[PDB]
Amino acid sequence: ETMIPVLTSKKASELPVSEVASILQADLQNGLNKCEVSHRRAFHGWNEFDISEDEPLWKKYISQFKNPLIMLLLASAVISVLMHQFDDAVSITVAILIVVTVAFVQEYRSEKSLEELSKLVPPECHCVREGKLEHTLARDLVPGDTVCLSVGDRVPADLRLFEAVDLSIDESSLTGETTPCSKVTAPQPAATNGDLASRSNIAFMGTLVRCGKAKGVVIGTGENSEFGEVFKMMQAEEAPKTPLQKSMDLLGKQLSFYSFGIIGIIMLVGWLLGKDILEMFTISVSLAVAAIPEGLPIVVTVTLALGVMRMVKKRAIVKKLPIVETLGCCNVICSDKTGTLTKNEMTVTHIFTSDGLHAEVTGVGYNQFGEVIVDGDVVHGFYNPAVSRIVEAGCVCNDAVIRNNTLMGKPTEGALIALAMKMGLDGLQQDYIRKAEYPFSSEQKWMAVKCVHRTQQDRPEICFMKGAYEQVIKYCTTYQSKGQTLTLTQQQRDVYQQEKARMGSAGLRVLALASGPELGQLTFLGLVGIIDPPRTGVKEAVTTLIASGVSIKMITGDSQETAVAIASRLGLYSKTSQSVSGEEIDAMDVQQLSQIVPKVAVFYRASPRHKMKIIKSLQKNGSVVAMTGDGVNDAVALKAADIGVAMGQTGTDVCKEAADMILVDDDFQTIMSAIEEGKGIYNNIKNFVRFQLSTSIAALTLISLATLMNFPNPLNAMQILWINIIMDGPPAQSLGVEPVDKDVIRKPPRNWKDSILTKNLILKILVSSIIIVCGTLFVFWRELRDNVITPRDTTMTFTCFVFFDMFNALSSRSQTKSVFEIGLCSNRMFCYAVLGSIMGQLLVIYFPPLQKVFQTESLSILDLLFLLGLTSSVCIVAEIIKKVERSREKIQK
């Protein structure tokens, strides 16, 4: 009954090699035979990730067709086509097709193609079976198999390491940092096994081996591992619906319910009085056509696409419309430190000498830009012997070479090379000829070279060593103070240890340097502080974002000290900020987690599950978080969040393909510009949505009043479709691209639970609809003769409705600002739209085939003057209301 239990990474880490092998029934030397691996694979399945399949585009088209409004429109179309009204039916189906095409384009998936996650997995693996090392695919691996790891070989599964010599594994897939973690074979205590990064005896799937060789026993395959859990979380997580999308859905369902109730009561009251079935069906089709605003989604999609292109011009790639729209009104921003805040380039910032001098080094990156200051004085070359000796020791004893701003070697060594180059000592290494080399190993933690001067070979040999302070100070016997060589005392070691501890508490990496004639008689020069500094201009941008309405959080993969130091540098750890680890996050209840999340801003040692839990807790109380990252765990976090902001030209492909916006030439001012553009687009969307809703309900209630008060249909489906789609479009697009005011880009972001329709907005909409209905009814009653539909009456009604809609759009162009301050032809797009609408109306009135199609007569100059003068009535009362509310605001101020 061979039944292997699932050995977690923690439990395997605690268990020594013998018990792990006994539980897994795995032979460390001879490996597994084919029968046992076949049976285990038959039980545990394959070591493969199933990406599954998506749904075809036609299913999405059908689902978009499944809207209740689309059913109502299709019912109206089928009723029209069943009544020998093929022209009206054709127009209705054309409008329906356009509407669903626009909706599908707007709601089209951004082509995630999330198979990049299943590519940081080796296709082959060097496994040992039946005492023979065989080249097999990783998909054939099973728990209990023995896998040999080499340099450049990607870890194919979770392995319990039992043999390892100087094994450094790149773990930038679960931690997200390119710091090779040393791997050991001894079991780990349960006290330090809280974090994944502390598991030095476990080789995780998807990680790359940088140096050394090792052999491990598989403890997990496929979906029962760390990478498997990450894949499960990514696959089972979908992008939440944006607050804009939720508001649009609520408005649509409310409109559908209202229209259904209205048409039901209209049918009931018509049947109570008694009407012909043909006329009842025609009236029902009329209200069905007038109930659905067809141009609103088209205008929304067009204006959002225009904003997306404008931000693309502003160096911001956008793939989906509503997600960036809700990002424009985001509340919380979470960003990774290693890959987004810091540029992932170790730089020396603090230098401490044996004499006791403290030196601060400016500049970021592997470039000569930057100065070394001591007591406020810039030191160049060999000006200060104390600092110069440390720089020389770090420079000659260095295997790293920096070419055209790209580092080849260890990042800490590159930091020393950059520090030397900033001081003008970039060519010092060529001046010395190395005779003996002692390398940097995880067992020794120190690097030394024996070199003699190139032009002064007859000078005695000088030895330079760098490494950890504890190991370096052993070989140190003397120290230099003010040019004099003094013997090392215990007090000197004490103060050096205190300085090292102080530097370590500030998130700096402590490296010791020493020099002397022979090993064991070396002289200690001092210590250097190496940290990952933030990018340039990042602090000012973060301050600008946090100044108005944004509370920026922080998720960090390093320990508490580095996160605290980075937050203090940015300003997120001033005096009272707290740091919470992932184990604490998973410890308390979700209610306590939601209580503790908003009052903290620093997170250290966070797994992908920890980031997902933090994002869910932030979104639980109601907020629009903006997660930012560049790693696989970061990518999972962005997938969990509604909006995903990635890092361009410096992040992984998985994060780029799993995000929403790609930030080439990574800036935060671009994020601010995107937020301002989103706010302006939301304001314009509200404006033209209000205009379209007012027009739609005005037409609906006008038709209802005409039906109740017993006149025939004034407008058919074709007239309403022509008004809504062809001519009401460009004005709404111009309103969508209306220039923004100085008060829109400012002010804290709005709460996400609000609705587009407000009390004042709906009151103005109702007033405008009532005015339009009264005008249209008066015109129809005046131009009606013996209950006979005259082509002149139809033309007058059409022109009056067109003019009223145009003037309503003009009045709804802006709120609480009138048209005098903004001025006519401010953007000239509204002027072009008005001119086009006027030309189209004139063509409809005068062109003979258009007259025959629309059943309209020819108008005179007097009729045009009458219709122009009567139309401006709504504008006067609109400006009166605007002045009234302006006066109310003035007296309230």
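Numbering follows the first chain given and starts at 1. The term rigid core refers to the most C-alpha atoms you can superpose between the two forms while keeping them within 1.5 Å. First, how it differs from the form deposited in another entry.
- Annotation: the position in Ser696, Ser200, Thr562, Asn687 displaced by at least 2 Å at CA between the two forms, with the core superposed, corresponds to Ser200.
- Once you line up the core between the two forms, the Cα of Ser860 stays within less than 2 Å of where it was.
- With the core held fixed, the Cα of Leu519 is displaced between the two forms by 2 Å or more.
- In a rigid-core overlay of the protein, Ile845 has its C-alpha displaced by under 2 Å between the two forms.
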Given for the second form:
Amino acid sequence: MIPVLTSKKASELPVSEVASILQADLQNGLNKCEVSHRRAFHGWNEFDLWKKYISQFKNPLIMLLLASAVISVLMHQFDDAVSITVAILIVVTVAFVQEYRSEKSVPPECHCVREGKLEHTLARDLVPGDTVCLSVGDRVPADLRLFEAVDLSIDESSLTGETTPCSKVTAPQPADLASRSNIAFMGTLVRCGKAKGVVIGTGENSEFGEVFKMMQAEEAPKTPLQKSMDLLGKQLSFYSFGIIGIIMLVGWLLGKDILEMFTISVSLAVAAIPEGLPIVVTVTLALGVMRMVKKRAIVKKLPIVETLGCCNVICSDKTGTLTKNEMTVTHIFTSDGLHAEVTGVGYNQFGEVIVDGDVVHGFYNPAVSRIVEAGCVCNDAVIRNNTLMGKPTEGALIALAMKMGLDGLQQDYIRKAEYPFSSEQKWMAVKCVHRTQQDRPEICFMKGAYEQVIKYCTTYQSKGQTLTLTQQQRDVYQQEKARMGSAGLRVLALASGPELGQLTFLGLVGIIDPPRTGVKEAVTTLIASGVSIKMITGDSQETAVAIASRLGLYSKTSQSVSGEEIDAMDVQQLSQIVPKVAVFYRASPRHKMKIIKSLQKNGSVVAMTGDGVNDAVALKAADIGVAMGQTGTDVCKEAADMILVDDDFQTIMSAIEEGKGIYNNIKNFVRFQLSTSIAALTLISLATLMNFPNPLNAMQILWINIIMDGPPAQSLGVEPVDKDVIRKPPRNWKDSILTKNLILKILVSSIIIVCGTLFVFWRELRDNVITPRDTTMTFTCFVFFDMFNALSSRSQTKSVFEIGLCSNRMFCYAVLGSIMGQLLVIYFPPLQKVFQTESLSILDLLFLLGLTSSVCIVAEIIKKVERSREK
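Next block: the form deposited in another entry, after the form deposited in one PDB entry:
Single chain only below; no partners, no other molecules.
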């Protein structure tokens, strides 16, 4: 049996040994029967509801409602039983919708050596021991041990975050993911020419497979909003059970009938549970998701919308999220001395070259145009549809030529002698003849490292004429090279001439992987907002520090910690060091997970914005998983909870503001609904205690909570948010929703509603027996109390006149609909039969409005008193 070798094991053993265990053929390939057998055993080269709905019934509130329903059906109360059943079904469905995570969001074509080469093959068809070829712009299909690689470099930015392509060698290594120069791992593009290797791993055994297993092992933390709502539900369950028990035992001591106490406990348990709260919360979160979808962000779970409003730390993958991952020629330094700055980011025509504050196009400036032409002519990389097929620096030079408008200069020259780029050579030289005139002499264009180019150059150009090189000019060029190096740029020396050793030094170009457009401004805004932004990447110290300094995360006195130090550091000292530092470099996926888990240990709500495979574990471990919509890999977008469609960081600020507004609205309607529930519970308890018959039954309580107080609460959940709410710093997730002031307001509203409703109920009670007039008076009084409480519950600080009655059109429509429904209940004969109510005179309605305005008046009085006291 032919086992799969671990990448480290394959790198350690020589080529012959690897082929011996893998039982491979270096030249001929694999027999069809052997491929079929290994595919049958190992499998293809790929990797990857009812119980969720049932689990909602485990909630204690749902259990209490089921107990109420079964007690109701034991007696002959069919209406209460069916109403409570419908309420339970609706609550369970909306809870399942809230907890449901959406998963709605060609195989790599690899030419392996199957039978005499030239086999088109597919990514899936590979089996261990297969020999697969590689070329430029070809993604690596599976982890292959490179047994033949001539001038090979591979871009592992997605896999490991290393910007520079990794040079690949065939000889076994004496001994890290990057240190294994022999192996070429799955999912990494090949920049350089050619390679061939034996497929050591297929499926779960690839590096993608190891990171996927790490991701699956991890469990995503629960959102702060979900924790707060679970705590609130536990508090409500304890309160309801305690109140029901105390009332039951007290009344039994008083001597009330057992059947009467059961038929009253049904109403008590229905009232004490706010049924509309989960529905309203789910609807609010769904509207937030829709708004984010409008704002170029796809949220995969409803509670995630509020989560970015509570985040304290935002982490970031440097390569591909903060930086475009596309090299750009930022700076040009002419040999004469002219300084030019180049805008634009990536491989595209957008942007322009600015010289001394003046935009230069075409051949306006002969020196910079000549430098651009020299860079563009001696290139192999070609850009199609803003995608690069070739070296990154050559693509950057092509993009610069595109910006200058000289992209049609590669066609004017045809190569005669080409000198390939080599690791020891460090310079590329090409001779061309101008197409229009063959009589023109041979002209050689060369580029590469400054040292070699200036060694092969003996003259330099200035003001349209050639001058002999001197020591002073070489010193100036060296100083400019040092200045560019200190700024994080990569320096290439461009030169042209008639033959090697007689070139005219043209200038220098500074190439850097630049931050994405608008990332700097968004980072500054987020830092000013109170969020501490950290950078976690697997790249080198120099590149990470340069990018961090450009974005502003890094200062002279700031500190940076490698991944190896993190591994060596103990849990405690890691917990003290991680908050201090802001840049982490050479961080493996396990190290990124360690960093985020140590941040979460201190209590911070961590959000990471990565795009690579190495960020999948970190994204799942993070409280918010943000991924780039376009550049993000399949695994990273699988581990994310929100994806930025346009790869814009302003979407992060929009999400933060939306989360803050959603939480504020949630607080408002939670206050309203708990006030209503406590008022109903207290009214029923007081009526039962003093021998009054129960004023409200299960059907009426459910009607009030859902039909009448539903639309007003789903209008309070969409109330426009004040600027001061979203301008506040991120809150502490340990804080509860029910503040002391909120509880005070809820108790005041409950007391007033109880007093008014009990007064009406007792006044209309003729001979301690409920008459339909009493039923309709109590029902309408409670509904009007609820409408006025909803009106006064729009904001905790701003008075309604300050806000405006007609500011929220949805609220006005919901209130009008509720009033029309109540009028139908008290006037429509079928509804009168259903609810055992009666028609009411206009004077009674006026009296009810006057009595029910007291809760609003007291609420605004308390608001004014609080405002005066705050000053």
